[PDB]
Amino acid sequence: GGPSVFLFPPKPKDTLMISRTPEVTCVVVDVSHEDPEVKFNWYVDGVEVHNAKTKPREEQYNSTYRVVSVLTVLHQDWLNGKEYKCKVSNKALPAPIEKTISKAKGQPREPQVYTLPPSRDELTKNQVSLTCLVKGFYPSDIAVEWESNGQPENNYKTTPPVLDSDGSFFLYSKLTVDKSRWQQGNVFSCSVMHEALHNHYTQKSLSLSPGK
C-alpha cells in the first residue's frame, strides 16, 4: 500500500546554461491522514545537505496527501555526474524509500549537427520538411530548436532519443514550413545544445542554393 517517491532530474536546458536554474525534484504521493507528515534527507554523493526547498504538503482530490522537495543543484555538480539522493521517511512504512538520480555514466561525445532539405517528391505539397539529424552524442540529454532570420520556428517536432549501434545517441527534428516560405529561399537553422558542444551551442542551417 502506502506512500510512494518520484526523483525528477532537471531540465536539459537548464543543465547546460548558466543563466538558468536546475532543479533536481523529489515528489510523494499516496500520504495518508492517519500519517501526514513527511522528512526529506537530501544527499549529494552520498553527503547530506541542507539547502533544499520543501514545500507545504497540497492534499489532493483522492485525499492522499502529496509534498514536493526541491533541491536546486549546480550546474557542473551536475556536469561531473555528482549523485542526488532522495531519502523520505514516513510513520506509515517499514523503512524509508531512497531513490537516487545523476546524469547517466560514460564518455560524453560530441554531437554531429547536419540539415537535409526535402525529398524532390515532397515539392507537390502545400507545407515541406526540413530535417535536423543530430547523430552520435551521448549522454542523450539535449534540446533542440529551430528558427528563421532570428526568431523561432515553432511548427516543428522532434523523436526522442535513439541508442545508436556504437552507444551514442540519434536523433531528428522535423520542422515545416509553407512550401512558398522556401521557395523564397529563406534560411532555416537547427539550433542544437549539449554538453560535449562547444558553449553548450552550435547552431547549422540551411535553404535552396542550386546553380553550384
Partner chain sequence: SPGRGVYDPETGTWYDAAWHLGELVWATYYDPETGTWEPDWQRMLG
The other form holds:
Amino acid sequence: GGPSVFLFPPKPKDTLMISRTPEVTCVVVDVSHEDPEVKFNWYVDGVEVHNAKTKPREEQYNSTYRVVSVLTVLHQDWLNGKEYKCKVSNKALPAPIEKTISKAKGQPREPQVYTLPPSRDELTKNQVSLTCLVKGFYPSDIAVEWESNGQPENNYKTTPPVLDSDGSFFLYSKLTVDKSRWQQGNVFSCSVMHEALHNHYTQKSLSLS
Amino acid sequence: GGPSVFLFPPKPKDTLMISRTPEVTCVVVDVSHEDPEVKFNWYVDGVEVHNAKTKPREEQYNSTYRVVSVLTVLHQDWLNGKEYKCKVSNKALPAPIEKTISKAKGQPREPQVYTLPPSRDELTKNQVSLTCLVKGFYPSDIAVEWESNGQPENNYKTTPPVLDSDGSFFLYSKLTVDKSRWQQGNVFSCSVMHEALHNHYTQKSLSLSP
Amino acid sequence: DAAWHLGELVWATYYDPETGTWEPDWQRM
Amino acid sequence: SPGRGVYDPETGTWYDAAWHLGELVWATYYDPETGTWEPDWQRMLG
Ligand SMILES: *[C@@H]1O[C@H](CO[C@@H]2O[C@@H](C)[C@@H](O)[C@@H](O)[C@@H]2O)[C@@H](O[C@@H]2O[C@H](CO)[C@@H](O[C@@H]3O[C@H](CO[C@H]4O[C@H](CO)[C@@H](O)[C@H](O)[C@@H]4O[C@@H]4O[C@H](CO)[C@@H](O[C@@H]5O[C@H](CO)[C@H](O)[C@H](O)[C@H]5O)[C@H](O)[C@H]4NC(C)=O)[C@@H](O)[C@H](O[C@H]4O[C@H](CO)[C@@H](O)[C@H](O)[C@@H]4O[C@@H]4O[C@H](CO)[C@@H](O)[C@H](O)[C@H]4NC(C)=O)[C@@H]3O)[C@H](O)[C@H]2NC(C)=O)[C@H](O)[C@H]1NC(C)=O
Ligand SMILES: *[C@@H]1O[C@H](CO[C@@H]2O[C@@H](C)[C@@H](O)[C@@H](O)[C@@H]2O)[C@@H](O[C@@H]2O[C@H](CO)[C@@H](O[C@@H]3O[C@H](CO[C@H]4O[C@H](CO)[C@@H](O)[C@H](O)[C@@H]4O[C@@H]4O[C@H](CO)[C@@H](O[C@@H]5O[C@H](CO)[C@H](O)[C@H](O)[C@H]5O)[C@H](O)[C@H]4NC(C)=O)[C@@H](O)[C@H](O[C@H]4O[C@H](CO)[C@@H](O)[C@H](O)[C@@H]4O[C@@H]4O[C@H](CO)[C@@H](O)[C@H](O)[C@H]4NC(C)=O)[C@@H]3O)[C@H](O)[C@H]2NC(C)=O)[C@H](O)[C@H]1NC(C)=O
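The structure above corresponds to the form solved without the partner chain; please provide the structure of the form deposited with the partner chain bound.
To see the whole picture, the full complex is given below, headed by that same chain.
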C-alpha cells in the first residue's frame, strides 16, 4: 500500500447557483519519489470525460508528493444525481484505485423556513440573537446567509444540517446583532438556497413587534 | 503497516452526572491472527492505573482482530483536566503506539439558555417546533433534553455544538409537539447539563404565552 | 421568473404548459 | 444568606443539589469565603 485517494464533492452553494462553478476534487497522497508518475481518469456515469485539470504535483514535508485532479461539473448532472468516478493509476499501485461519488438520491424535499425573534430574556443583553429555523429539506446540501438593506450581515454562524426523525434534515442559523439595530425595527433576512426550492432560492425576513 | 489505535472520550451526560459512570475507551484494530496478542497500559496523568476492562477479542470477517479496553474515569479527575494515556503493546509494533485524551483546556463558561416559541407561520401546521437556544458555553461538552410533566419528551433533535466568534459554543435543540398540546397551554421544559452551570443543571420552561 | 442573491443570478425557470412544472430555463442562464 | 439551597446548623453553610428526572446530577456547598459554590464532594461520592 503506497498511494491513497480521496474524492471530495462540490460546495452546495456552487451546485446551486448557476453562476458559480462546481467541481469534484480527486486527491492522491503518499506518492513515492521512486514512482512519481500519476494518471487520472474520470467518468461521469461510466462514460469518460477529458477536461479535468491536474495541478502540478506539490511536495509534502514527509518526503511524499500530493497530486490533485479537479473536474468541473455541470450544475444539472449533479442535481440529476449523476455519478462521478475518479480512477488513480500508479506504477507502484498493485492495480488502479477507484473512488466514485455523487449527490444523495432521494426525492428532493423543499425546506420550510421560519425566522424567530430573540428571547425576551435575551433583550437584557446588549446583543441579540436572530434565529432562522430551516427544516424539512432533502438532500442535506443547503446554503444559508443573512442580509439587511441588500448588504450581507457577516456576524452569523450556521449549524451543520441535522438528520430529523422523518428522514429529512433541519438546521438553525444564528445572527448576532446589536440590540439597538433590532429595537429600531431594521429588517433582517435569512436567505436559503436549496434544489427543491423554486429557482433554488427563498428568503425570509423578520423585525420587531 | 500494523495494528492501529483509537482512543475515545466519555459521554458528556456521564462526565456531568455524578450518579453516572464515565469511561475512556481505547480500541485496537488491524491485529493479525499472526500476533493475537495485545497489551494495554493506562496512565492517569503519567501515573499508571490497572482497572481497565479488557474485552475478549473479536474476529472481524476481514481476517483481523479488534480488541477494546475500557477505563472508568473518576468525575473529579476528568473535570479537572487530567490526561489519560493509552499505551498499546503488540509484538509486531516497532514501538508501542500511544494515544492521549482529556477535557479541553480552558475556563468553563456558563451557557445562556433561551426557549423560543413556534413561529407564527408554523402554527398553520398540525405539528409545531419549540426551540432551545443554548449559547456561550465552554468547553463544548454538553447535554440537552426535553420534558413535560416530569416525563421526558422524546420527539426531539439537538444540533452539534458550534464554535462562535468569542471562542465559545452554541447549539439549538428542537422539540416537535402536536399543535393541540401547544395550544392546550402545556408547559414544556428544556434541560441542559454542562459543567459551568450551577450544579451542572438548568431547566427553562416554555409554554404558549398570550 | 428568476432568483437573485445579493445581485448574483441563482437560477431561473419558466412555465412549461404541458406538465404543471417550471423547468430550468437554459436559454436565459 | 445567598440564593438557594438549605442551611446546615453546623460549621457548614448552605447545601444545594440538582436532580434530573429523579436522578442526582451534582451537589454543591457555599464558600462563605470566596462567595462561590464549590463541589460538595462529601454528599456526592457518598
Ligand atoms: C504526509 O503528509 C500528507 C499531507 O499531510 C500533511 O500532514 C502534516 C505533515 C501537516 O503538517 C500538513 O503538511 C499536511 O496535513 C499526508 O496526507 C494526508 O493523508 C490522510 C490519510 O492518509 C488524509 O486524510 C483524509 O482527510 C480527509 C479530509 O481531508 C480534507 O480536509 C483536511 C482537513 O483535515 C484538509 O487538510 C484536506 O486537504 C482535505 O481538504 C478538503 O479538500 C478539498 C479539495 O482540496 C476541498 O474541496 C473542494 O474544495 C474547493 C474549495 O477550495 C471547491 O469548493 C471544490 O468544489 C471542492 O470539490 C474541501 O473543502 C476541503 N475540506 C475542508 C472544508 O477542509 C478525510 O475525510 C479522510 O478520511 C476519510 O477516509 C477515512 C479512511 O479510513 C475514513 O475513516 C473517514 O471517515 C473519511 O471519510 C470516508 O472515507 C471512506 C473511504 O475510506 C468512505 O468510503 C466513507 O464513506 C467516507 N465518509 C464520509 C461521508 O466522509 C482522510 O482522513 C489527508 O487529507 C492527507 N492530507 C492532505 C493535506 O491532503 C500523508 O499521509 C503523510 N504521509 C505519510 C507517510 O503518512
Ligand atoms: C478490518 O475490519 C475492521 C473492523 O471494522 C469493520 O470492517 C470495516 C471495513 C467496515 O466495513 C465494517 O465491517 C466494520 O466496522 C476495520 O476497523 C476499522 O478501522 C478503522 C481504521 O482503519 C476505524 O476508524 C476510526 O473510526 C473512528 C470512529 O469510529 C467510531 O464511530 C463509528 C460510527 O461511525 C463506529 O463504527 C466505531 O465503532 C466508533 O464508535 C465509537 O465507539 C466508541 C467505543 O467503542 C464509543 O465510545 C464509548 O461509547 C460508549 C457508548 O456505548 C460510552 O459512551 C463510553 O463512555 C465511550 O467511551 C463512541 O461513542 C462510539 N461512537 C459511535 C456512536 O459510533 C474515528 O474516530 C477514527 O478517526 C481518526 O483517524 C482517521 C484516519 O485514521 C481520520 O479520518 C479521523 O479524522 C480521525 O483522526 C483523528 O482526528 C483527530 C481530530 O479530529 C486528530 O487530532 C487525531 O490525531 C486523528 N487521528 C489520526 C488521523 O492520527 C478512526 O479512523 C474503524 O472505527 C474501525 N472499526 C471499528 C468499529 O473499530 C479495519 O480497518 C479493517 N482493516 C483491514 C485489514 O481491512
